[PDB]
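As structure tokens, one chain now follows by itself in the form solved without the ligand.
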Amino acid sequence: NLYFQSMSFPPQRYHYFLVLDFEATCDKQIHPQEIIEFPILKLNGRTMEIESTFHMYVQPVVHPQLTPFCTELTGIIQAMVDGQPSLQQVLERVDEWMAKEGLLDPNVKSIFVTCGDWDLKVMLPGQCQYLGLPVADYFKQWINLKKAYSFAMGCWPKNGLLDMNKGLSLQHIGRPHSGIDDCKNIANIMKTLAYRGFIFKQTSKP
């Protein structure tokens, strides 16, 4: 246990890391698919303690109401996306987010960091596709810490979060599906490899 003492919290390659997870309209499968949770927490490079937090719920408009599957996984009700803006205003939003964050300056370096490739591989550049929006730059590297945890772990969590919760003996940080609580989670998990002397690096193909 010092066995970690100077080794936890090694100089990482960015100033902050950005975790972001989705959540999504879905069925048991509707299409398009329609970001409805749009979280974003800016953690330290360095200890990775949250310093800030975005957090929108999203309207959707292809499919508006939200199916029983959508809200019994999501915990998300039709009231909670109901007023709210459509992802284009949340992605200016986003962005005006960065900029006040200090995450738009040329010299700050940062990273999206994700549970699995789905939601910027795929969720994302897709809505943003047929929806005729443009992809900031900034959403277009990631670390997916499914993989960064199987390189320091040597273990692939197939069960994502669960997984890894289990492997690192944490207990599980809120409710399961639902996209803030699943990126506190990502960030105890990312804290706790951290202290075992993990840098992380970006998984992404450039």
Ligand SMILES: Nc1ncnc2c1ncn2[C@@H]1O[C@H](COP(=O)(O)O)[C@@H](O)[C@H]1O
Second form
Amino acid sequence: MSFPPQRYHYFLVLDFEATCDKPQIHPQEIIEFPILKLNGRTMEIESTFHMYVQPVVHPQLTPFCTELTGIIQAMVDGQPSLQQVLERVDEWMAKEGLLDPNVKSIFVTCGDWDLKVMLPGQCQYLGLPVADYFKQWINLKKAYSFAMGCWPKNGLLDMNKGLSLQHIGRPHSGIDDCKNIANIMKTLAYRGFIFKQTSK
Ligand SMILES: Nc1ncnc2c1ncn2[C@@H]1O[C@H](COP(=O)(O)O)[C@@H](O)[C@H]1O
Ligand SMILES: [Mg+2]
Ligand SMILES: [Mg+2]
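If the structure you just shared is the form solved without the ligand, then what does the corresponding form deposited with the ligand bound look like?
Let's see the whole complex now, leading with the same chain.
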């Protein structure tokens, strides 16, 4: 059955970008915070949250980081820091109607890094509580592996290859990564896949 009933009213696609360097910067800090709200049945994008985030420990973006992500210094200068962005997310969640206990939603990420490592690690560094809706998620690589019977090698690029999808936008742009996750999800649902929480 194409586009079966799903277990969630909405899927919240998320894919951070963070400060980085060669060798890696320490600590890393979130600089782009995108969320796509997908209709739970059709996987169509219905709303977008998108903020760049001002890094504080390493406030100047390295050449490497700007090359990797396309994010330039002017995009993070004058932005709120992560504490404020998380408060903006809460407000966005509330206005979207996602804070209703009877509206079921779940974050979807490519890998576990974003919500298993990046966000809790920075919130712990900053002394900030992590909102409970960030504590469960679907790892698309794992979902893809159940849907297709195989483990993708390199993330979104190989998942698009497996499904004959053209890449959307620029790799390592947070918002464009989110659109590819959404596109891959829509295809898995077309093939009949029912999504399930994978986080433990
Ligand atoms: N090849 C790489 N080298 C160093 N850091 C990376 C690399 N790829 C990703 N990162 C870091 O991981 C974050 C998330 O990666 P991604 O969703 O693949 O763009 C990036 O914003 C960088 O901070
Ligand atoms: Mg990512
Ligand atoms: Mg990304």
